[PDB]
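Next up is one chain by itself, shown in structure tokens, the form deposited without the ligand.
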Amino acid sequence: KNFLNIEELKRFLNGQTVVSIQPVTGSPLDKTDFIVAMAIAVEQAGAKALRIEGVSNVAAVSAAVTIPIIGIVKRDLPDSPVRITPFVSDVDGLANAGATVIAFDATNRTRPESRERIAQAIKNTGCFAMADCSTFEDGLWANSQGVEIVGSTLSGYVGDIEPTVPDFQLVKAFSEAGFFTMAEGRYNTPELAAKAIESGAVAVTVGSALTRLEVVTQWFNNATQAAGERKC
């Protein structure tokens, strides 16, 4: 009811930073109460959308905020490298929990259920679908399936060696192809995020730089401890 169609959401999210609230696993901060508190806080600060992981987290956050939620479930599978929403049971639970958008790994890797079935299942719930992509080919497949949103989420996370810079070229390619493009992955500063917008993204999703305190702490200490070594 809040969004009648995908074009309304696209206008709503134009130029927005979407806050992915996924604390470090095993941290004292990885607690539903703290995730909900962070969600409330960023809504009050003006954030227009969130990415939340876990069905019960999606349910708790949707009860506390009014802005739309992009829902995922992350799993460690025994026979597959796919992690982001790999089962239709996860799709069902995320929709029932109140996700507005459901995101899923759209790579063509070994997986327990076909990416076609995942995308179908999302569409049947009435949630918008978001394809977390690693290459341009992934998003072209997603668009061919009627997936509403394509993200660069998994670029740099499928092969050898994590790049450090964001994949701007994938964002440009997606947007020039007319896709509703979500820049996602390593946009660690407002300047890099803004550049994703200028590269054609509708919106940019930011996680670590906002909601992984341990990671940002280490960014700072890596810089200061190196400066203290140089001075020495």
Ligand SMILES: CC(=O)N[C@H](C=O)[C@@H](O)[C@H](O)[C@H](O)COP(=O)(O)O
The other form holds:
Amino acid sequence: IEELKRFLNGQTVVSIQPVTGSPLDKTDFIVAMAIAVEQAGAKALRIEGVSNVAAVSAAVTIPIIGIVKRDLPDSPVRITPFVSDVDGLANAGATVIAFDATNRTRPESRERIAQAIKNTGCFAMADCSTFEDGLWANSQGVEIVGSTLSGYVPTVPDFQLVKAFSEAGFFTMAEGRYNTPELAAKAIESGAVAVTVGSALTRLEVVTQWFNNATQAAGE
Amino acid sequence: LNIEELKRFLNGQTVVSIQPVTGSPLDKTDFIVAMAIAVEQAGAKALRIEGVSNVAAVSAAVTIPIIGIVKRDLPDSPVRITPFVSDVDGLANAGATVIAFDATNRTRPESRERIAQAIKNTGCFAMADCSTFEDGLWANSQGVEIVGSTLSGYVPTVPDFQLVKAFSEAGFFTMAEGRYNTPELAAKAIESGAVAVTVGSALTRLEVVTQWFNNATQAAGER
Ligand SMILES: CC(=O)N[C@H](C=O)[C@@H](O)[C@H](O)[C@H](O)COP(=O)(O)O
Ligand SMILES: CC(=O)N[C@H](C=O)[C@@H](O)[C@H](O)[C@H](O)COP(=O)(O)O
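Having seen the form deposited without the ligand, could you give me the form solved in complex with the ligand?
Below is the whole assembly, all chains and molecules, this chain first.
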């Protein structure tokens, strides 16, 4: 674990999650992007889906934080909400498995998800919304806490939560709308070990609409 | 559709230059076409594509205008952007609406007057990739519809805004292109007078943008 913290120190972790339904949401293109960022020097990835985690882990050698995102009709929890998802991700080749650690309505308790991960041997990453979710994660022996779910229960990333997780002594991953290299740099000096970035890198439709909105507004 | 129609159609628009890095797992015509399809869904009104086969493959899949180019590394010359009229002929037959070319006054296999004239003869609009103001003045003298700041500094890190002002105050149909890496830099391009702005690395070069992020997170992580 201290090996992983030293390996990920000062690193940008690349979230390869194309927008759903896109021409780019294809396992072919996800793997190629995975090979591509590793060739460019990325030290770690966040991959969504058991098949994709399996596919990318057979093509690259850098660590994978695995997830399965499901939008349920009965719950607001999305990030790996079932113990069966934990088991498939581990057999797919993920090193860290992230899950929703909020105290919200859930098909399975957050305590039960966390112990399913530990049962595999994978490290656990807790995607949190508040500081209290990090304390809960720490009480359960969770190796990583992240600011992934802050604001999703907003446009600027939440620096105060990554500072507080760092002021507590947690292994803190800043994640959520760190959209420029300057914003991801201030996360590290905010205390993060690493920072995870997705939309600004692997969601072309999103970054495109960021540009047109600002060029079009000027053109009026 | 005449030139001012394109100018009204492209006013305030971001033109997405889809040119993955050479040798990448991503430098594939499939993945290019996918990106072309996807940015058109997101509302992009124009593209820049490189290579006759890509222009062919993209023009069959989208309906937005394509600015065609051919990039060649010549052993005898520093010019890379469409230096041959045979490249001009394939680009027009590939479906290009606009064809861009190097408009610098450097050593080249075929004269620049001929390339600009070969493009016009096709019916496609012509765009001059310029590095200096006089390269733009030359382009306008030849009946060239579009001048761009594409090559300023490549003959630097901040965009060359003074050239877009000069091209725009001369009355050219000015295309801002080069190092507009953030939506704010592209908004300042339009207010500098550009009709449109072309953005490439920050959108369709994953290896480049990745290295932009690690460069800043790792430099911070030296503490
Ligand atoms: C809220 C939620 O479910 N976020 C997901 C969790 O992994 C991802 O889609 C995000 O992209 C990730 O948090 C990285 O943030 P950003 O994409 O802004 O760089
Ligand atoms: C100088 C040269 O040959 N530029 C090339 C011309 O097409 C491309 O590699 C650039 O990506 C393009 O100009 C877009 O610029 P930027 O990637 O800065 O947004």
